[PDB]
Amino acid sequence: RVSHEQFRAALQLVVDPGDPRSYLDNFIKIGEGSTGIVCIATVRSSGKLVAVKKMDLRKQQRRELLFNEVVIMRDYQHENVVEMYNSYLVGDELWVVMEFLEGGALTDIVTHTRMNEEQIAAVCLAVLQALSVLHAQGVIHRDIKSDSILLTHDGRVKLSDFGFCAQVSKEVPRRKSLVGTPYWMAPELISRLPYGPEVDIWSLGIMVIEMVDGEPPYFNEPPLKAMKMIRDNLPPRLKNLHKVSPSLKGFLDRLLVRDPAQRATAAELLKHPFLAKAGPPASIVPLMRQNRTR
């Protein structure tokens, strides 16, 4: 394991030089994240909001993840992936300056209201389009869940929160690391087996359950207990199974497949006729907190 000094030096070569407090002001904390805190700030010259994630290099279990997030954000851009404007080192902190997405996170929708199948298909389609491109390059997100799905003001999906991502290669085609969010984790990953991009497809299935049911399976169990049930049991069932179409159930059945070798890929899923239901971005807008009644 390389020293802090050597890790920082490596990271320093890939981030933008300088101090971002020269450009940004009016910092407001908005959250505790997956490897740090998240703020909003205004860019001095425009008065435009940006999001800024701050991660302490010295308080990370897997520092390499900081490096991964920066490099993947720099090199693998997509219309359905959150944009990184710049990154900086400020002492022993990594700051990542991101676009601010006015729609907020999908979690806020699934916990406050009920999506219809056209809306569910729109979200799935957009996530799958991003994943197909990312997976083709060996990038694994490893933390798919509604919290990682952000929405623009006009209802477009942006996959976000690459703080736990990895990249596989011909030389090192699988990862073994037990990482993610307990209730969303793929059974192969919980089992600490060599895994690949397929883990994201399972996680997406659990997010479909969120979109139908409001919460993932086993959410009331201690995390290690939930992980045992995902590992050992038949795939989780929709609590609101009675509400769903044959197309949706057929779709979900291709995601929540325990053997990763039998699980559908993102590229296969883009052709599933459930996604023919997808509404446009205008269909998501009324779900967002700023438009909700009640």
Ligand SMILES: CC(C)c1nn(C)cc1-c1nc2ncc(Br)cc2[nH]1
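Here the rigid core means the biggest group of C-alpha atoms that line up within 1.5 Å when the two forms are laid on top of each other. Numbering follows the first chain given and starts at 1. Compared with the form deposited with the named molecule bound:
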The other form holds:
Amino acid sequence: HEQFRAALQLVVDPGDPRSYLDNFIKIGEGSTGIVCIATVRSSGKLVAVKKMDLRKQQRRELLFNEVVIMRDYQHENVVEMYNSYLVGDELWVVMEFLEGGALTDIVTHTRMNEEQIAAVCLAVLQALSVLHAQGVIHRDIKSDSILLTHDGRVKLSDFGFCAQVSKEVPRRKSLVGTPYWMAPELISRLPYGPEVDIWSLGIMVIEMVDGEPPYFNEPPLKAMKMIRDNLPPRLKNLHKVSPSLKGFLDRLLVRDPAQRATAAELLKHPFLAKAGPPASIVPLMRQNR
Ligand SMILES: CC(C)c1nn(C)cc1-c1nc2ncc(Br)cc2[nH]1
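Having seen the form solved without the named molecule, could you give me the form deposited with the named molecule bound?
Complete assembly follows, chain above in first position.
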């Protein structure tokens, strides 16, 4: 720790955000710390701040990942990092604020139609081509990780559990990600590539279609056991999805990762043609219904 704080000091911006930020508000909680929002006194713009405790982590060297990998990264479809700091015993990551909030709130309250679902998927997949291109694996994809703007635009967040691969470190080995949405290989402790993200995406479609992931009402521990062992889960209500949507999902939920489609490929699948403008998501959002 003594040494690990010293390292993180050298990757983050020096100084204290409290100097420029006012009026902090907890708005959330992930598995590693909390999420606040805050106002920048000059200008008055809003920012989100992720705050993680250095002493309160399982596997902290993980904490290294977003700050190192995802600094200076930019995309229409990624939530932007501004800076990062250490505040006492915490890591603070200051990020772009998203008004629309999370997709979770939508999938758990309405029935996204096909057009809308495709629009989420294209947004996610655009993002994911470029990420994997660079050998970056998000490793915690799910509706939780999808954030919206006031006008319906989709951006991917929660890179706290992301990973880097290269020519020399080709695949990864650690159990991260979130259990219901984790991939078979990853559970079975295999080396894994980006392709794990693609599986997790599929589970997101089940989220979008059936309102929650497979094996949900189970204990987390047993769900993994199940996810590992059985056949690819399919929809509770099949009769409700287009053949377009099926074939597509059937490219995502593939147990053998070498045959599971690449985002690159998925960016072309006829389904996504159905996607509709950012403004077609708008009425799904809490403050409209
Ligand atoms: C509680 C969360 C889902 C939320 N609600 N609303 C209205 C906005 C948000 C939210 N927007 C966010 N933008 C960036 C980060 Br990092 C976290 C964010 N959380």
